[PDB]
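2 protein chains.
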Amino acid sequence: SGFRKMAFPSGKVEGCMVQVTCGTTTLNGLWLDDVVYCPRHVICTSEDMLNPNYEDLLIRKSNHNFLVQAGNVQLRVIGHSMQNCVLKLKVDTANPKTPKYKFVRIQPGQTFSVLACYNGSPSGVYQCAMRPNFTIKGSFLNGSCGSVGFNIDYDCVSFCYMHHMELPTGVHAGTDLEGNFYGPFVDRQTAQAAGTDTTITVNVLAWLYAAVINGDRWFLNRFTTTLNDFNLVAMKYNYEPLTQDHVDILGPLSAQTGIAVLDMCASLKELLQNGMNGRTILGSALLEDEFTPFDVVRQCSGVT
Amino acid sequence: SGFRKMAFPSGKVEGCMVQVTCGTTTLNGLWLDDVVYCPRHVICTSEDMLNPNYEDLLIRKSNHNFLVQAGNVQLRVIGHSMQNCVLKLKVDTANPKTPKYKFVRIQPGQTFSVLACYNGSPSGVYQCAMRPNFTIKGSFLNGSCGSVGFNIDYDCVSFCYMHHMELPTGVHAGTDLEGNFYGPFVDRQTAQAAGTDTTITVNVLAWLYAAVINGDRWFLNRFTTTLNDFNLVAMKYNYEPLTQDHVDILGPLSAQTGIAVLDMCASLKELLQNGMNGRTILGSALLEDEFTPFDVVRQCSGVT
Ligand SMILES: O=C(NCCc1ccncc1)NC1CCCCC1
Ligand SMILES: O=C(NCCc1ccncc1)NC1CCCCC1
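Protein sequences appear in the order of chains A and B. Be aware that the first sequence starts at 198, since it is given in the working numbering, and climbs by one per residue. Be aware that the second sequence starts at 198, since it is given in the working numbering, and climbs by one per residue.
Same shape as in the complex, but just chain A:
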C-alpha cells in the first residue's frame, strides 16, 4: 500500500562512477569492463564550447591527458576514441564491480533513475522521464556531466542516459551510451530551445490505475469514450496521442481494477475538462506522468 516516486537501487551504478579530468575540466565517467565512458566536451575550454570541432580538439589530446580516478586510485589510459558525443577511454584494468549491463536508447515517455554524481562520487538518486521534447527535468549542477540514467531488470543494468547539457531554460539534455543526443541538441554553448513539453498520456493512465489500486477512486466517472474522441481532448490539452500500443501495455492494470482502458480515458478526459477542484490523487494536486505502466506493475507487485 502507498505509491511513491521510486528509483532503482543505485549500488550497481555507484560501483561504475569515476572522475575524468582533461585539462582543467573535471566531470564524471562510467567505468564498465576496461572502458570509461564520458561526455566528449570534457576536452573543451568553455571558449572551445562556443563552436567546438571535436575531431580537431581531439588531435591535441593523448591517452595521458585523460586523468581517470576510481575511488582515489588512478586508472592507466591505454586508448581513447570518440563515438558520437562520448569519449571511450580504454583503461588497463577491468572494473571489478562491473554489473551485467546493456546500452539502450529509450523512447520519450520512458522513465529511468539518475545517479547524480560530482567528482566521480554519488550525491543522490531520483526517477526521471524522457520528456516528449527529449529533455529531462533533472537536478544537475556544474560537475554533474557524465552522471547516468538507467533501468535494472533483476541483475542487468540498462544504461539509457548520460548527462551532457543544461539548456538556458534549466531543463537537461544528454545522450544514450553510444553518444547520440536525445532530440536535436548539440554539445555546444549555443541557445537551444526545447519543443512543447506535452503530458505522457499512457503514464498518466498507469498512475490513475495505481491510484485506484491504492484506494484513490473519487475521480472515476460514469462515462466511457473512444480512442479518437479521447485524442481530440488529448490534443486540446497538450497530451500525447494514445495508441492501441498504449492500450495493450495497460492491459494488466485494466485486468486487476476491472476498469476498461477507454473508461479510464473518459475519467482522465473529465479531469482535463473539470480540473481536480482542489482534490489530490496519490498526494498530488496534478496528474503525474513519470510512472510507466511497467513502473506501476513493478511497484504494485513488489518486483526486486
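Be careful, since some hints might not be right.
Each pair may be met inside one copy or between any two copies, as identical chains are not told apart.
Subject to a maximum C-alpha distance of 25 angstroms in a straight line, what follows is the list of computed SDA-like cross-link-like pairs (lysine to any residue) [to be verified]:
# : residue 1 : residue 2
1 : 287       : 473
2 : 287       : 275
3 : 297       : 373
4 : 297       : 428
5 : 294       : 482
Because the hints were derived from the structure by calculation, they are not lab data.
Fit chain B with the ligands to the supplied structure of chain A, relying on the hints for placement.
Leaving out everything else, chain B with the ligands in the frame of chain A:
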C-alpha cells in the same frame, strides 16, 4: 538547476540487507558487523499477531529457528536477543560490506531514504519524512518489513527507521534501530488510528527557498509577518508551529536569496489564504513539506 525529490545513493545499505525466516514468516534484516536486526514480529503466526506476548513466544525459539540468508549464502546464528520491538541475531560472520554507521532516532519533519526490500533484496529507493503524527507515507507490500530508512553524511550511514506495520489507513509505522516505535504504535494486529497529519512548516519554507533559487518566484509577495501572526495562520491550516529554531536553520537560504525568513513566512501565509490559483512551484500544484532545510542546501550545493 532543477529541484528533484532525491534519495541518498542506496549501495551502502543494499550491502546490509538479508532475508530472515522464522517459522513460515520471511521478512528483511539489516546485517551490520556480526548482528542482524529485524522486527520481532518475525516470530508471530498472524494468529499470535492479535495479542502477542513476545517474551513468551521467544521462549519457544532457538538460535537455529532463525534462518538468515545473505545473497544465497546462509549465516550461522550464535545468539539472539530482543531490544524493544527488534530482534538482534548474533551471526558468526561480520558483514564484509558493513559501512560506517550510527543508529539515530529522528524527530517528526526529518526526511530519510527508504530502501524498500523483499526477501532481503532491494526493489527501490524513495525519500520520506517522519510525519508529525509519527507515521510515514511509504510504498510497502507484504514481505517489506525490516526495510530501513537512513541518511548518509559522506561515508557514515545513520539508520533512523525499520519498517514494521501498515495501519488500516495504508500509512506506515516502524521503529528506530533500537526497536522503539515512532509514535504510540504497538507491533500488534489491532486497529490503531494516526493523529492529525499536519504540514511540516519549516520544510515548506525550505522548499519555497529552493523554488526561489531555481527561478520560481511568482508567489513572492510585498508582505512580511511576525512569528506569532504566522503561527495563528499555521494553526488555522494544520501547519506545525514555526519556532526560532526553524528560523535559525533556514539562515543560509535567507542569506543566499536575500529573503528574510518572516518575509517568506508572509508569502506562505498568502499561499495558504489564497491557494495556488492553478499555478505550480517546482512542478508541484501543492506545497511540498518533505524537503528539510539541510536537504535544500545539500541538493542546491551538490554535496556527495
Ligand atoms: O555553470 C552553471 N551551469 C552550467 C553547468 C551545468 C552543466 C550541466 N548541468 C547543469 C549545469 N551554472 C552556474 C552555477 C552557479 C550560479 C551561476 C550559474
Ligand atoms: O497483507 C497485506 N498487508 C499487510 C502486510 C504489510 C506489512 C507492512 N507493510 C505493508 C503491508 N495486504 C494484502 C495484499 C494483497 C491484497 C490484500 C491485502
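Evaluated hints:
no.	hint	result
1	287 with 473	neither (54 angstroms within a copy, 53 angstroms between copies)
2	287 with 275	within (6 angstroms within a copy, 47 angstroms between copies)
3	297 with 373	within (17 angstroms within a copy, 35 angstroms between copies)
4	297 with 428	neither (40 angstroms within a copy, 54 angstroms between copies)
5	294 with 482	neither (42 angstroms within a copy, 41 angstroms between copies)
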